[PDB]
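Q: Using the sequences plus the hints, can you model the full thing?
Each chain, written out:
Protein chains: 4
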Amino acid sequence: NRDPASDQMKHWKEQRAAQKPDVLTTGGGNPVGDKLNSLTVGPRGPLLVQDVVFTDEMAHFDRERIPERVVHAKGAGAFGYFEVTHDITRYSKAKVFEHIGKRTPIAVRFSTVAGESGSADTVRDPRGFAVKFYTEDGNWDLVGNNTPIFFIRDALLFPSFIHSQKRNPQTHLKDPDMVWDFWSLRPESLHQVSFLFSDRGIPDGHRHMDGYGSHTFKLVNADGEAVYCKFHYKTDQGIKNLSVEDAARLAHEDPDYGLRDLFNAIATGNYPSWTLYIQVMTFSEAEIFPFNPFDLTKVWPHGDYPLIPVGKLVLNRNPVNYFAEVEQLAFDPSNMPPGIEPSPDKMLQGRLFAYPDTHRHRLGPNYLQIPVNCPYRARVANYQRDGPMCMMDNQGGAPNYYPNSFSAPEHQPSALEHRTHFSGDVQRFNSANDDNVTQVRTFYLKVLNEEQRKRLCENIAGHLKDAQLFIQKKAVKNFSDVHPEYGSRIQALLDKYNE
Amino acid sequence: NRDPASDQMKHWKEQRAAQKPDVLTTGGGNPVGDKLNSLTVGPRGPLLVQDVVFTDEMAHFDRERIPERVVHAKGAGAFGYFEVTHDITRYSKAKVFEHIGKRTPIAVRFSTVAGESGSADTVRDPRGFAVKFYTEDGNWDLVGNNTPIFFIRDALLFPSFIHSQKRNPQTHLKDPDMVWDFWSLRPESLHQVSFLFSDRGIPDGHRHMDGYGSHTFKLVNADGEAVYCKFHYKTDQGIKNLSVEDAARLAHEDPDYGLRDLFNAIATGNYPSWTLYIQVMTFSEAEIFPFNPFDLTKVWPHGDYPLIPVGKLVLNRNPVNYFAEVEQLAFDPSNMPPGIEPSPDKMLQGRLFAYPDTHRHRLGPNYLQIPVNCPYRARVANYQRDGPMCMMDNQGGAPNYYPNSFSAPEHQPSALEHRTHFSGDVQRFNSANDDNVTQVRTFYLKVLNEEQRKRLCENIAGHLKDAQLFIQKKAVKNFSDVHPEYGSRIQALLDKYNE
Amino acid sequence: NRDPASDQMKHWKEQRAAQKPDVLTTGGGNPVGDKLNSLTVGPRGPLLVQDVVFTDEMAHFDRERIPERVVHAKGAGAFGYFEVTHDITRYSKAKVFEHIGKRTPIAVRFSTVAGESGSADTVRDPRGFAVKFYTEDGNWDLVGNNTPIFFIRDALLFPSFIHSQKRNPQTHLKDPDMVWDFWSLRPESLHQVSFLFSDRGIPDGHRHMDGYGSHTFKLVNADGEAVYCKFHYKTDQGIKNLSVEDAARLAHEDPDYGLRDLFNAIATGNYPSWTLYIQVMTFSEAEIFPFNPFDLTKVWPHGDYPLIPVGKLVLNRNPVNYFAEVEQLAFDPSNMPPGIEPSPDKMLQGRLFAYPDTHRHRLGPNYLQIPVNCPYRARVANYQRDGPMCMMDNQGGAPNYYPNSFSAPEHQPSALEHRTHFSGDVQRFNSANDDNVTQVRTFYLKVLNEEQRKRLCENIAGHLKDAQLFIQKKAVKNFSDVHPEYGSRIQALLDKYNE
Amino acid sequence: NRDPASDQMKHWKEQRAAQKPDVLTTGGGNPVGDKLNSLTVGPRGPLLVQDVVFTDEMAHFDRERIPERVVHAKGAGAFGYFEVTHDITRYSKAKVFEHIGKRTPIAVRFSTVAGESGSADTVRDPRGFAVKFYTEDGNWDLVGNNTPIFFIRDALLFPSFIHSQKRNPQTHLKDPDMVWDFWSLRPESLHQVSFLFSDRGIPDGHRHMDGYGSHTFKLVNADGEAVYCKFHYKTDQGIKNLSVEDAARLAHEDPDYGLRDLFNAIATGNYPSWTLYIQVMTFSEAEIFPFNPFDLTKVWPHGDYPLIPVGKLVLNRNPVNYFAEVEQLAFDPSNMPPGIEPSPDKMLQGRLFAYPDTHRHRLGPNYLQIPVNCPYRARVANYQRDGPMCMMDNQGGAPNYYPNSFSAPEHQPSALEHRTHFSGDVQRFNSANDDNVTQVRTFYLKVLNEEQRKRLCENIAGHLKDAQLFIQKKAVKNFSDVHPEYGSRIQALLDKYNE
Ligand SMILES: NC(=O)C1=CN([C@@H]2O[C@H](COP(=O)(O)OP(=O)(O)OC[C@H]3O[C@@H](n4cnc5c(N)ncnc54)[C@H](OP(=O)(O)O)[C@@H]3O)[C@@H](O)[C@H]2O)C=CC1
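Protein chains in written order, with the authors' numbering: chain B, 3 to 501; chain D, 3 to 501; chain A, 3 to 501; chain C, 3 to 501.
Hints may contain errors.
Which copy is meant is left open, because identical chains are indistinguishable; a pair holds if it fits in one copy or across any two.
[Claimed, not checked] DSS-like, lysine-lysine: derived pairs with alpha carbons at most 25 Å apart:
{"no.": "1", "residue 1": "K498", "residue 2": "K467"}
{"no.": "2", "residue 1": "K12", "residue 2": "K475"}
{"no.": "3", "residue 1": "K15", "residue 2": "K476"}
These are computed hints drawn from the structure, not numbers from a lab.
A: This is how it looks when you write it as structure tokens:
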């Protein structure tokens, strides 16, 4: 006997042992008589068009693939629920937080960032940790990472960042010169880069890492009063990492290590869970905060803004069909129920357009009609119609225009957005020079110990050594600007690696 | 008070007066607070991306259209049932014919041939009369026209034919020279052309014309014995046509005449119906038949092959949403339940491939998962997986490969095809000169009376006069080959039209 | 001899009389030996899969159609040039206006608004008059109508307006209750409806109507100084309209009248031209303007803001293939060269998003690589890569990320946008009650004469009589609000029509 | 200094040192003023829709991906030429062989079979070796593997085979039970499985393996005489393999080993080349051949059917843009110029449909218009029009129907297919028990030496040990049937691996 993942077909057969096998049909539901031999003229003659059994099967085989995600393509999924344990109704009126005890169905995707569909699980990379809450006020997608921060703080740099992380447009190879020419030209990366190359760069599967919303978000209570917040979901299973040595062995021994670990845990009843907390910053703490509180390269320090618990995320169910339920999952940061709103974070503002946009391409115009994407715990009603692959009565014969004197759906005034006042020139403000070093210095000196600093520098040098000298020089200077000993250690190791 | 079609919204409201109107949401199920005013900075300021309510609705609006059908684009739809009235089980074992009294849900689409989505209903053109039977053995699509015959007898001439009937590739205008250059170069068109320019070329709506499967099909009984057949469905409302003068007034007065007629009839309880008959030819009779029994430009004469009755088609339901239920309808002549099979008709052999092919483009790869297209009275199970817009459980965790020791679906040996023997060179055989005139001569002399022949020639001359003289000459010569008086009457009229 | 349009094929043959006809190939370039007969086993045998000549052609036929435009689907195209005739360089630094005499290639499309591909030309609807300028600074799309104004002033009402103008979602019929329910609920429509139902609602083809950008736009000169402007392009051929009576005859006699008129004109050297003028409003004048200067339902009166001439638009070339050059034409109001900017017009702010969005659906992700869409008078260079149907080098091996130390494309600082100051609450402002009546009153009383007022009301009553009584009442009231006699004349005529 | 692949961007900049960098534009050719900072109201304000620079770039980023290939997704490409060295015009009349010395440009793509886009190069799998010849008679696609044979001999088992080789539909994990259940239920796989688990299962890059067409094809000379043939292209660089130990190290050290090796070889002038040979079998030898000569699990032994040389394949140019030139490469076994025809091989018959079909889904309806797919050395002329993303003049105003009196393209009678006679029942013939063991016995005993047999069984057992015991037993039995000592060595090793 072997691990439960491998006994999948064995189990599927056992769970069916009582009934007869189904009649094998065409997609049109016509039974087939023989599907191992083609309709031909004579045993050694040519194939016939009449063989629509072959055509029907081949055409669908021919159309099996859809575009992979443009980032976060390698993915593992599971299902479960969110349960409220504490009362934060004074900050948010969202139905998902309505009383202690309330459960909401969730769906989760875990991913790496750079790799395509066939890439190894145990590599140095950030991890996507996206959570879809199926609430009565519609779906809530908290599309977060394994980090509170990101490498950049304006969405116009995003496609670039990603290009620089992926393959060279001519050679189709990972290119250290791209990676570090970008990172060194944009020192705002200093904070997230430092996180990346320390121990948590390679987590031991998905169950031993935290999730963050990373963005500042806005919560709105029943009175119309607003606060800003951060979401943190901390692992109940404890932070646990892989060493470079073990991560590399597994990269060839089990490219699908995280995917297997997740499935096996759930199947053996060992159900993983997280504790959701928030931090809260009032509008008048946001004016006097020393950095830009919407800067995605900055955290809110725990000393000044402590964690306030909200509840548990629990994963207790595996997908039944991986393609249907985890490859077709779409998360839109813009799916926000009343009580939860966007901050003016430049990066989050971008993600409000990007995701529904890419989903309309990757999946299709009507991708919200795909069961796992459906807001099945809410009644969708509006004046949208048609599109390719329309799957429900399309709304019926309801009046399709608004306003109307025929009692089609009505707007709900309580669901209006919080109103903020803004003033300034409409222009492109340069954010390149928001303090890129301070929080990093703290991280280096105060969070990391002696050994961890040493490994941090070894990890960095071990990858930066493959970039050209002029690029190394500039990266080193950026690291020096955080701490002279940071730069020095890295430079001592580069001197050796250069022969 | 007006016709029922005009009162559609009125009625929708009345049927609802007892409830409160639904909450208006985004596609993600989020309630909207205001949907008449955009989120802007100040009353005369610019739009924000934060307005996801605007984007969500606009992005769907933008994706509303799908490619119209490449032919038969203008269509009217309805739903009802087929009921068996007579016993033809000695010819076919198909479940849809199993006992007298058996009802099968049907869907029907009526169409013109050449015009695009906005064209007028009451024009000279053949009419499509596609019929989908939802049987327990899977769907059966009888994709027929208002005529027993077509213009050509090889599928390689079809794209041409259609091109010649549609718009000039440069000017985007209907082009008489294309129409008649083709027809004159291909006299096999003489039969259908004579049908088209008779009174029956403009039916008074969809309720007053016949349906034909036109092709020869094959029927297989329980013993494994086969005969060849034609399907005729005759209107129970009686043949009725529009005159040229009335058809033209309606063309601007009500471009949607046949659509409104069909809807109002069903809504006022006058449900239209057809009687399904067959003609049967034994394999032996096929060998001694004077023409090619699979030549789509030929009928089987009634004297030698009388109509045997089978059933009634009844339309008693209107569609609730026209896009969902009529624009997305897909018929495949290749959806044939055991007991019905194709003949070797060159034209039908082409249709076996073309329709599923075009559907994968027009609707999409999984178009069969769209409710109206679903074989919902059959259990679909096989080794096909994935594809864009996957809508069910994607057949779950079932083993996806065949054969397997894990009890996935099995082939059903009784559903094998009838075995026929063929012998000859694999080669492209010329069918341009199969008899092109005989059956037409009969039609001209023995089916039409004196007045009808006169109108036939007037309708032909009225359209042919716009073609160049060399094209007119050649067409007239083809008409002379049927009968000298046919030719000379047309020529006398062209002499006048040419001034 | 006939009109030039109908001699198209004749002329194509004459222009080729010297050369031999090309060898007919598969799409893959393989010469075909016979394309009139299918590869079968024996003359009355079944079709083989190894007929790849058949398949290759049918598969393309099957994929001929693409989605029609979601609005303005019925269209006519031509090509030509714009020529600067007057100096407005003090207002705009745009390369297209650089010197008197300067010519720029243009592409125009003319459309109706509501009809689908097959619909008649001579119907009451607004007309599209889209101009694409191929400038050295990239493409400039002036996507305009044959009216200075529009029915609504917020883009969130757009999809609804269009739904109401189109087909009932159940009956698939034009529905007067939808049309007038909307218009009567949204009186802002009063101005444009008044235009629509007067003589100019049916132009005598495309050569006898004006064009307008409708929107307020922003112009920016070499100094960085901005002004607001309107674009009017008046016909040099003179305004000319069809009467209801002749428009209806032509709707069946020649569904393609505007198409044919334009093609024949250009083919016979009678080249239509328009004169481009602007109106200019300074930023100061914009603060004191009595209405909202960016309200799409308002004009700037000629007394206070006279027309200032700029140049000529001339159409002197017909398309060669209609599909490639006129069905695939894409216009984006967002294509604006430096010198021309958007105003804060709520309506135009929406069009900035909508068009590129729909274009990616209707044609494809890389639609801008389609010859007629290409900015071929400029050099496209950036960090965009890949996508479906990539057609040039894909920009080679050039570094694909920005910034870089490898000399890929650089930003041009002089191309930066004009900076404006805005202040106010970020919220949804109600525009429902901006002055809906004043400019219409002026239209009714001061622009129209006696006869025209009469015809205006007859035209309104002829269509409004098909709506329910409660809808009539409410519409009439909106017209009374413009002028008591306006409401009255309409009501007297409805009184008659209601028997 | 490092390898040439790593210096790609370095070299790109050098090759450009003399010019100024290009102006950065929108896709519409509009220069951009700043592309690092988003348009916002105030430095800490929300993003605007007016930022069309952001949307234009993000929208394209969002549509970057297309469906990977359904099999052979991981790939490497190069370009060069084919040169004729010997005279085989007595067998084939194709222009590509027309005289000694004749050069034809080619495109090659090397690939693995099961892995997706991100999988490792140095793994046990067959290798695709597809060659596209750009002939005057249109494209010739020789779509071959690094082996003469395949695992199955009917096309209806293909989707299954592939499913069995890829991921479990629930766990998304590679599944040994699927792999060997299939292989053990279908012993026709014995031949190719033995090849695969032997030394040549993991080639040292693409330059050190052979290519085969595998299928029997047909050749036709000027006299209309025909013979059957096999294409073998043998590496000029010599067969060279990796050991299991090294292949596994490289799988994590350089997942893109083969890609890097090819690019580096070409860049340093060391240009790889292959020698094209055929085997020839007369129609009459085909009738007496001891096996089915069209059975894809069978080879033609060299003693009886020696290699005849034809020419050289040389790869001397790297792609400039990987996506444009290698990801969008499409090969159709159905692209065959006159002089080359298909045999009746059941498998090949299915490939005639599959490839164009999948290309229409993967790339698009008009994928043959993509530069690298174009038959750019032929003149494509026919009656095919339109489709999504139509890129040329769409063949202008040419008459679009056939036949015509207007001198559009004509069929070329010399390019008719060879005519063969076939006779038999049209039915599904069972090919499951054609000899499954004879040629495999020969391979085991006569081709492998003692050491190699040892490694073969070690390789087989190392993978087969993960499958269930009943599956093991069955596979071993299939191996015993080839030779008792084959099955018995594998069983001795499985006994140990099962503890
Ligand atoms: N305040 C925050 O939200 C976080 C801050 N940081 C870093 O700590 C600095 C000071 O934060 P402050 O709140 O004042 O200090 P604290 O000491 O209160 O917080 C330390 C935090 O760092 C996280 N952490 C520990 N090791 C690593 C690592 N190797 N990689 C990434 N994260 C790690 C811990 O997460 P855990 O709870 O799992 O132990 C803990 O939340 C910041 O400048 C920032 O660099 C990092 C994460 C969160």
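Q: It remains to establish, for every hint, whether it holds in the given structure.
A: Hints and how they fare:
| no. | hint | verdict |
| --- | --- | --- |
| 1 | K498 / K467 | within (9 Å within a copy, 45 Å between copies) |
| 2 | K12 / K475 | between (57 Å within a copy, 16 Å between copies) |
| 3 | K15 / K476 | between (60 Å within a copy, 19 Å between copies) |
Consistency with the previously given hints is maintained throughout, with no hint failing.
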